[PDB]
Structure formats: C-alpha cells, structure tokens
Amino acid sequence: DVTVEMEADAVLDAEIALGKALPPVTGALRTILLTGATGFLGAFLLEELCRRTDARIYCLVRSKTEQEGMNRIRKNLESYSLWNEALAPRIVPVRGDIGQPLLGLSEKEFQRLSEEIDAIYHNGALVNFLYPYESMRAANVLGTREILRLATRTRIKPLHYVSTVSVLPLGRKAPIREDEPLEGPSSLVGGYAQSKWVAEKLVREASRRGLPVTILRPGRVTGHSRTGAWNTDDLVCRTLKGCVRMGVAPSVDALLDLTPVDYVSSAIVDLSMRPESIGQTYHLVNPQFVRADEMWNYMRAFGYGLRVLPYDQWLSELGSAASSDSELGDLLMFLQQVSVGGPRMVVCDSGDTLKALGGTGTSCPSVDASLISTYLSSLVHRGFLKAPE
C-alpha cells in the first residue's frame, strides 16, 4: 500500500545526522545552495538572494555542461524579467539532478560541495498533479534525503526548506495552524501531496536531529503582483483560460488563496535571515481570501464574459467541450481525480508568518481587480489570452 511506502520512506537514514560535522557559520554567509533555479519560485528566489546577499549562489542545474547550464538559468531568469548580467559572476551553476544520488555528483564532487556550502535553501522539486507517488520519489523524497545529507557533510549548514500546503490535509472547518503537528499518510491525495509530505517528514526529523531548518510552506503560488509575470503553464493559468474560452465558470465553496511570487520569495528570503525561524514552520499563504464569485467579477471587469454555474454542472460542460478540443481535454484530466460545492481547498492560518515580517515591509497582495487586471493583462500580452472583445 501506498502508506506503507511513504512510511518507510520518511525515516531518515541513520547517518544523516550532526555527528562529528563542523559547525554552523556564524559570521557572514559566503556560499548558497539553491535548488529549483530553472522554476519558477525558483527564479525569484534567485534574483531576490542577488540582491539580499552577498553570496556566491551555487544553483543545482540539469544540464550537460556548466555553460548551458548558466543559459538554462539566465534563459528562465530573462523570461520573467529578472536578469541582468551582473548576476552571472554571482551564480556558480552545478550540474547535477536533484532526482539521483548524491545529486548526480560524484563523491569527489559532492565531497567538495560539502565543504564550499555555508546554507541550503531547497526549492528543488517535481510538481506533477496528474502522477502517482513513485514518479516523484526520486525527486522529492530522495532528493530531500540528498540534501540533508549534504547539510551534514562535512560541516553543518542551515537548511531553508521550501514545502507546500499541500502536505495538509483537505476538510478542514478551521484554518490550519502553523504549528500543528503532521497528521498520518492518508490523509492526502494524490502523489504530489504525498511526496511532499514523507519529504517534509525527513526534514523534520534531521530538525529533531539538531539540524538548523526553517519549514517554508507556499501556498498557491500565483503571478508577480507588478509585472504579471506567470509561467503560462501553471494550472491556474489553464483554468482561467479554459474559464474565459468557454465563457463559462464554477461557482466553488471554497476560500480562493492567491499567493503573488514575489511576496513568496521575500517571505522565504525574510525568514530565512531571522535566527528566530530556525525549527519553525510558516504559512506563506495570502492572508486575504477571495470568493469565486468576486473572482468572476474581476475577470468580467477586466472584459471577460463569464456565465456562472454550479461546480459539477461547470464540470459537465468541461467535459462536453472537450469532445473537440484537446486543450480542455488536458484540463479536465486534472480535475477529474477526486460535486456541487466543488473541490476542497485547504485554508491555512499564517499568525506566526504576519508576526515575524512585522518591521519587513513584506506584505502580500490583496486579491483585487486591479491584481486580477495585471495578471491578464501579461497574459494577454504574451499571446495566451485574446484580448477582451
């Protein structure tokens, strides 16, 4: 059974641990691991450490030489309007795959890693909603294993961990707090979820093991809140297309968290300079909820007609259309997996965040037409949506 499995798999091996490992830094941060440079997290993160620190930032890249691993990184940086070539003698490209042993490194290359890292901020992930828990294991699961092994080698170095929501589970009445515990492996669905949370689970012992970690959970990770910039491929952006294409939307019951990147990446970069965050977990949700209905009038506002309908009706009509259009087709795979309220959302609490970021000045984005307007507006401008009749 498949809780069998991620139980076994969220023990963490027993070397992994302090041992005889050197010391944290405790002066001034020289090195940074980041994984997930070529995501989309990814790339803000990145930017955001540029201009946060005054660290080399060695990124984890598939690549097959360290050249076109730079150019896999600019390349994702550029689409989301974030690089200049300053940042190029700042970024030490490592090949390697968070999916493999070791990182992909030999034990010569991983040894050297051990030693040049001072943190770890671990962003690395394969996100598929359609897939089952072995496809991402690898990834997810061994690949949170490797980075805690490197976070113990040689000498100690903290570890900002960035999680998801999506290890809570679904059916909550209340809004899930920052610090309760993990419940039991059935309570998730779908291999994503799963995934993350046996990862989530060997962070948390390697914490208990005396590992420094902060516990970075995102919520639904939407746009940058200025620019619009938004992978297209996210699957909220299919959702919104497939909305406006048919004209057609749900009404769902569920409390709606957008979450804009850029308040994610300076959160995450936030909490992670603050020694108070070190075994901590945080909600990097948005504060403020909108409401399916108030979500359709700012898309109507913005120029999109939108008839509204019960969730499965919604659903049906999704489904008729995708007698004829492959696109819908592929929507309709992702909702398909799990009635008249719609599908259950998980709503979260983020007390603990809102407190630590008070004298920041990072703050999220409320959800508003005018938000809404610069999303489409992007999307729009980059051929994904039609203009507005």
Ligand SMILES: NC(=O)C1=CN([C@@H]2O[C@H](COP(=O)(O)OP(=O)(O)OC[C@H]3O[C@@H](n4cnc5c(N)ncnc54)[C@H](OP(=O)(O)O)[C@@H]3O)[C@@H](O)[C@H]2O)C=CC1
Second form
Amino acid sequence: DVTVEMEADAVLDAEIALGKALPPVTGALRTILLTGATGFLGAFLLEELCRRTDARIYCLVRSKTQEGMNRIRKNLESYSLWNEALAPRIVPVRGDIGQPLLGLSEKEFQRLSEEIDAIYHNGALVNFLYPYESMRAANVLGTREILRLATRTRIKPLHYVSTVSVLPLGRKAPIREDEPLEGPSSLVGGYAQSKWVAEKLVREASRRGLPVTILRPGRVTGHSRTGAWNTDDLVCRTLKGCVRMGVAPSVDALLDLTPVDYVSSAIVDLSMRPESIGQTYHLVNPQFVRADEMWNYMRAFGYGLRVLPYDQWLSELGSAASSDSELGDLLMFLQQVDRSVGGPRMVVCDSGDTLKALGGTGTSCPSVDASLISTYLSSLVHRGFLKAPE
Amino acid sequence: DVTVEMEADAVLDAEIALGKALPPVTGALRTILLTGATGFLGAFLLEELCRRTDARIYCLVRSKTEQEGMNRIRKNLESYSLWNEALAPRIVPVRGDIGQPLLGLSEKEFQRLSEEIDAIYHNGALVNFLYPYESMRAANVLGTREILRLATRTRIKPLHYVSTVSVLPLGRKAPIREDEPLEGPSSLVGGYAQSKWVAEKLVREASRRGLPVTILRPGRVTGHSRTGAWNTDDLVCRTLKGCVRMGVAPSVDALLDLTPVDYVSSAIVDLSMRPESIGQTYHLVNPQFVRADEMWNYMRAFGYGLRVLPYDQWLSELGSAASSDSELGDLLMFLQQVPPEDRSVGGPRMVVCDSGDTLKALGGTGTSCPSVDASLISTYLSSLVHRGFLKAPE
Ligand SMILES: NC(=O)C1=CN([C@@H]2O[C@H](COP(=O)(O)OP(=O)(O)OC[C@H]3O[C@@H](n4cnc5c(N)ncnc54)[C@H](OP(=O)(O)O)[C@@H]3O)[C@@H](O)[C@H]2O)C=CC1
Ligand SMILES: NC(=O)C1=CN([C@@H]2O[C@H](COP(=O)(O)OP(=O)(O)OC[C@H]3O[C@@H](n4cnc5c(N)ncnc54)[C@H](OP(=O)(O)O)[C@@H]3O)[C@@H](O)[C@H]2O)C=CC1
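Now the other one: the form deposited with the named molecule bound, given that the block above is the form deposited without the named molecule.
Next comes the full complex, this chain leading.
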C-alpha cells in the first residue's frame, strides 16, 4: 500500500527546525532562491520577481554547468518574457532537487544558506503517468531539502507552490482554503500523492515556526495577453486532439482555467504580505466555465466540433489512436481511473481568502470568454502547434 | 464492458463463406499474399517463402506509392540481414491498409486481387501492449475479417494465420495443449490479447464453414539463432536494456519461453505446405523452459553486472529510476498496467503450452527449436552491441 510509504515520508526530520537559526530578514529581499525557472510557471515567476523586486534571483537548474543561464534564457524566450536586462538579475545555480542538499556539496549548501533571504519553491516533477516512486525524490525529498535550507544558518521565509490536486475529488461543496488536509488514501495518481506528502512536510515546518505561505494553483493556462503557453500541456494536448478529429466530450464538471499571469502575480503579491504567513490560498479562477461553453468559444474561432458524451468520445479517441502517435500519447493519460459518461471528476474550490487578500491589489484573474480562447488559439496557430481554422 | 464488444465482434459476417467460389488450387502455388512484410516475423517469413517456393509474393504494405512500399520492404529485410536483390522480382508490393474495409483497396483492386492470389499468410497485425481493444479492433479484428473475405472471394484460398499464445488463459494448472478450444473473453488481459482472441475466433468460424486454415500460435519470438538479428523496438529487448542499464533484474517464478525467429519462420512455412495441417492449431514455442536466474547468469557471463531482486522491489527501483530516464519511464508503463496478480512478488504470470502435435508434424524436417544457453544469449547480445542498441561490457 503506497499510503504506508506516504505517511512515513510525511514525517519531517526532527532536526529540521528553527533551533538556533538566526532570525529572518526584516528588510527588503536582497537575494531570492527560485526553483523551477526552466518550467512554465517558473518562467513567469522569474520575470514577475525581476519586475516587482530588486533582489538577485538565484535560480536552481538541472544542467552540466554556465549552461544553466542558457536553459533559463531559452525558456523565458519561448514565452516572450526575456530581455538582456534580466541576465544580471539571474544567478543560475547548478543543482537537482531530487538529490540531498539539492545536489550541492556541503560547502556549496552552507554558502547558500547564508546568501539566500527568502525561498520560492516552484520546482517539481509534474507527470500524470508515473507512480509515487518516480516523484518521491524531486517532490518529497526535494521539498524536504528546501525546508532544510530554510532552517539552515538563518531562517528563510518559504513561499511554497502546491496544487489543489492535494484535495479529494468527487466533492460537491467547494473546498475552503482553511479546511485541513485529509487522508492520503483519498488521492489518485503519483503526482497528487507526492504533492500531498510535500504539503504535509511544509505544514509541519510551519507549525515548527518556519515562516511559510502555501499556494495551491488550479489548472494554470496561457498568458492572457500574449497567449504564451506550454504546448506539452495536457490541456493543450487535449485541445489539439479534439480539433484534429473534430469532436469534443460532454462533461458535467465545472471547468477552471487560471491564466499564468494571474497565478504568478498572485504568488508575488501574496508573498509580499505579512498577513500571508501561515496561510493557504487557492489560486484558481473565481469564475468557472461549463464544458459546452468552451466548445462554443472554439467553434467561433473557426474549428468544427461535434459534441459527444465523454464515454463515446474516448472510444473515438481510441480508434483514432491507432492512426496518430500523438493521439495515442494522449489516450494513455485519459485511460486511468473518471471515464464514465459525465466526464472525469475534478476538485472545486473557494477562493474567498484569496480574493480578500488581493482585493487591495491590481491583481485580478482574467475572465474566460471567447476573446481569451482566441488569444490562446491564435498563439498555438502562429507557433505551429495547430493548423489555422479553415 | 469490452467483453460484450469482443463477443459481438467474434461473429463472422454471414456472407463470408464458400458459396459459389472456385475451389482452391491443387497445383503449384503461383501467387502468395503475405501481410506484415514490414514487421519482424514477416521479414523472416518473406525470406523463407522466397527460398522455399517459386511463387510471387504479394506483400500488402502501408505506403504512398508502390515503389515506396517496395523500398519499405527492402529496408526491413536488410535490417535483419535477410535482403538479396534476387528477391526484388519475387515481390509484388501492394498499397493498402488492413484496418480499412477491403484492406484499403478499391472494389476493382480487391476483385483483381481475389483472382490472382492462391494462398494467404496473414501475419500482419498491430502489436501494442499499452492500447485498449478499441485501438486494435481495426487492424486485428476487421483486418482479419477482411482477409477472410478475400479468402472466400471469387475462389477459395487456403489461409495460414499467425495467432499468438496470448489468446490463452493465464495461470492454469497444466501447459495448454494445442488441442484445447478457446476459453471465454473475460480472462484475457490487455487490448492486444483481446483483439487476437477475437481474430482467432473469426478464423475458427471460417474454418468451421470450410475454409482451409492453419492456426499457428507463436510464443515469445526472439532473435535469429545464428545472426542474432532482432528488432530493437521489442519489449524483451526493451526490458533487457533496462536491467542492464540499472544493473539489477527481478527474480520471477514463471518459466520463461524464448523462441528464435528462424524456428518460427521455418515451422510456419513447414506446417503450411502440409495438407495434414488444415483445421489444425500449432504452438510454435520453445519446448525447453528457462528460469529467470538462468538468464541472468548468461548475461553476467557476457559481462554485464546484475543484482537480483524480487519483482516488486525491482519494479520499485525501476520507478525511482524513471524519474530522469524517458526510456526507463517508457518501459515502466508496460509493467505498471499489468493486473495485480502479475505485479506481485513472483512477478507477471505467463502462459505455458504444449507443442507435442508440432513435434510429430515436424518429424524429419531438419527443423527444430534451438536451445537457450549462454551461447544463444551471447549471439543475441553481440548483435545488439554491434547494432549500437547496447553499450558493450567492461
Ligand atoms: N497547471 C499547472 O501547471 C499547475 C502547476 N503546479 C505546480 O507549479 C509548479 C511548476 O509547475 P509547471 O511550471 O507547470 O511545470 P514544469 O514541468 O513546466 O516545470 C517544472 C520545473 O521544475 C524543474 N524540475 C523538475 N525536477 C527537477 C529536479 N530534480 N531538479 C531541479 N529542477 C527540477 C524543472 O527543471 P527541468 O527543466 O530540468 O526539468 C522545471 O523547471 C509545480 O510545482 C507544479 O506542481 C500546481 C498546480 C497546477
Ligand atoms: N513475439 C512476437 O513477435 C509474436 C508475434 N505474433 C504475431 O506475429 C505477427 C507479427 O508480429 P511482429 O512481426 O513481431 O510484429 P511487428 O510489429 O514487427 O510487425 C507488424 C506488421 O504488421 C503490419 N501492420 C500493422 N498494422 C498494419 C496495417 N494497418 N496495415 C498494414 N500492415 C500493418 C506492420 O506494417 P507497418 O510497418 O506499416 O506498421 C508490420 O508489417 C502478429 O500477428 C503477432 O500477433 C504472435 C506471438 C508472438
């Protein structure tokens, strides 16, 4: 039972504590550690942090070197977020969070525990096929070693990127941001299981006096103006799927789409508030969308789409899968546990405390309308992922 | 559930029968239809048939033009050290899709094929262990249905059908004999097993209706016993590279089966030209079982270090390893999908067959199954190292 190994992992080592660590900095941030800079959200996080702060962003990246900066640079460039002015703000740090001490020597880790003022832990292995064991190192031990730095030499505030996937599916009443964490058993998939464990670890460090914010994004999607978006995204995969065979599923679940520019603005905004310490926030769209509505938006852009019950739609996918290898790659994702006629289940959240904490900021989630979809679709079209609607 | 789809599908359409078709050739074969000439066994089949008959081999191949299909065929055999340019005039490439009605031919092309072809070796099939039954319904079931339609169109054509030992129930007290009929659908795991089960049900119905058919159930088919030739996309090649790469292997209960392709090829051709074979079913599997630890000993002997762990613990370390390793992750997907009974301590179950009826049929042919030993495994690994699939040892 995987649950037996999760519980054991959710225990934080006794020596991960404030102990005799010097107090957190009270002035402005001078140096920040960000993980996941070569990823989707990390890119907009990195760029947002350069804009809203004057701190040097230390970016932990997997690479063979000065090769880290190029990975970072390329990543931001793929989203239209890079300028040369960013280069001096960014300090790549060669590492691997799936290793002890983030893959640094004892000597390098000690130096880091002295230079870093605050931590934005965004890095994680996101994979919807792999079992728990696959993501144990990066997600569980990665977070454990983050807490180890956060408490080493001098206290460092931790802004932790978690997911709403830590909450049980198949629930009518949205989940409030203050409700405590449930059993490990209520969870499906190795990713959710790993993030569940990680958040347990973080909550333990918080209860032990480390200054921590917990941010649970929902389904994060493209930048609402430029439409910049990760095409390796399952949502993106699924979109091409339906397009290319001209049929979409009916699902009774309410759909959440949170543009990444909101999510990243929100993270920075909430991280800058002393009131956020100890708090959890659901960074999801305040406004939910229905299945058929997104289909309407997509027809309007020009793509034809027959609408089928989810079940009958997976069947057609199965058949088509024997045709395309990309369509098959998507079939593997959808062929697990949620396959019935009303679609897959998915969590529903309240974002009350978030909307409240952000009411005084210029940070508002974009609304999901036909205009946003067109921004997204046009982007995928112009970038070659999709063929232009006839 | 899918067994209900399976059962509906195992029903051979009414019109697929003998009726007014001219009887089968009784003279020498003039033309042969071979499916799957771009695949592994088909390459060896094609070479056996070319060597052992004087017929022209019509190879149904997926391509944009005929000359591309010929190039596809050509390249395949060469990858196995099977090609020879004397074979070119022997081969008649045939553009089509066995997952399409009439194999992807027009009514006119289909009628003309139904006039030319004297016998059918149906070896083409979608072999995929991740996809569901619905993904392989087209090639395996309706593909087989359409071949049976060809075999009964205009004039009768004997069919030699490559099935698989995987249509057989797993975990049974006795090695399944070639004589026992098919069990129900419910006890087959995986879309692949399920589509082949359906396909064999179809072929047996046609048989019952009087179509001359041979049913040939290969076991796990492996590299050529002398050259060591083998297709790397193979799940057994896949698995072996894994264990090598991560320096550990699982200890399993199951008796393993290894059948070199050159024995399968030859036995299929052999049995097919025996008139005693019609209506009969044969199990082309290695008569001698090998054990897990035996196999690990042969590869250590070749030079590869291998720790031995229990399947579940080996499977767990595979999980850990797949974090950074796409191809490791890829392999992990195959094994995680197997039902709990075959993901346990002793590892995956696997079927055990008898090949008595095959031995007698292949009394004196010079055709027998090579043995599994360090020597065979050395031939196998040298090839893969040479092909560059494997890094050499030490
Ligand atoms: N809709 C969404 O995408 C959601 C995201 N989140 C969370 O946001 C965070 C970012 O997700 P997202 O941007 O979408 O995913 P990405 O896969 O695009 O980015 C993952 C980042 O994590 C890095 N990473 C993974 N493993 C390691 C490792 N062992 N060592 C160092 N770096 C590593 C990756 O570096 P590398 O390039 O080397 O792989 C990459 O930069 C994650 O924690 C995710 O769980 C939460 C809810 C929803
Ligand atoms: N260990 C083994 O290999 C065993 C194999 N078998 C059976 O042997 C036969 C072939 O096995 P194997 O050689 O290993 O597999 P391969 O995948 O190597 O060969 C598959 C062959 O089938 C062709 N094929 C698949 N789909 C189509 C299609 N829609 N139209 C035309 N051709 C198609 C392929 O052509 P293309 O290249 O264009 O895809 C290819 O020529 C199968 O019937 C299999 O069930 C049975 C037991 C064991």
